[PDB]
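Let's start with one chain on its own, the form solved without its partner chain, as structure tokens.
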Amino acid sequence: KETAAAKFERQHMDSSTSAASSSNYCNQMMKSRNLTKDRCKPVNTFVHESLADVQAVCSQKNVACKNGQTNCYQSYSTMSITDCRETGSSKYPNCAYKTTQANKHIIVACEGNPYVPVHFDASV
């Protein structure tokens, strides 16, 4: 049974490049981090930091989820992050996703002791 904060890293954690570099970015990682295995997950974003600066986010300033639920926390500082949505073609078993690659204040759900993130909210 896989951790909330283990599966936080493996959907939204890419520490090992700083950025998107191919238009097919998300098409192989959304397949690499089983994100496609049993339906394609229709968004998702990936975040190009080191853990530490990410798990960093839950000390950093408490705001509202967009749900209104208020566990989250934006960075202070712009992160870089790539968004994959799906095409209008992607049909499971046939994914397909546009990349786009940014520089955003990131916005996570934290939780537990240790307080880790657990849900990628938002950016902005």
Second form
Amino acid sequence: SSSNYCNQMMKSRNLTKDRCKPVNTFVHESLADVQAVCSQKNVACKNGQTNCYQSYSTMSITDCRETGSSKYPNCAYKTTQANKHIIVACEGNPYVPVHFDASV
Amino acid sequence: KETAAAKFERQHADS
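Now show me the form solved in complex with its partner chain, since the one above was the form solved without its partner chain.
After this comes the whole thing, all chains and molecules, with the earlier chain placed first.
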């Protein structure tokens, strides 16, 4: 819990207020462009279910991963910025992303 | 209370 983007956003978005979550990805794209991935390339999910979809293009993402020294209450994260294709599992009506399956 | 779609946005989207 310090000033880098991952420590700040993991806290603000209520991911580390009561636990340290090991890894989390944030996507820096407009919400509707992230929602548009549910009608893009259909692929199988890691678990073999087939409601996963891969973005046609790469998207700006930040990976946040807990360092080896992190312990609740002071969660500590390494921040890695990258542009990657995201894979999301979709459900509902409207058919929207409900889980992040990976980045590729 | 929070739907799964809402939870995905809170945890993963930073428009």
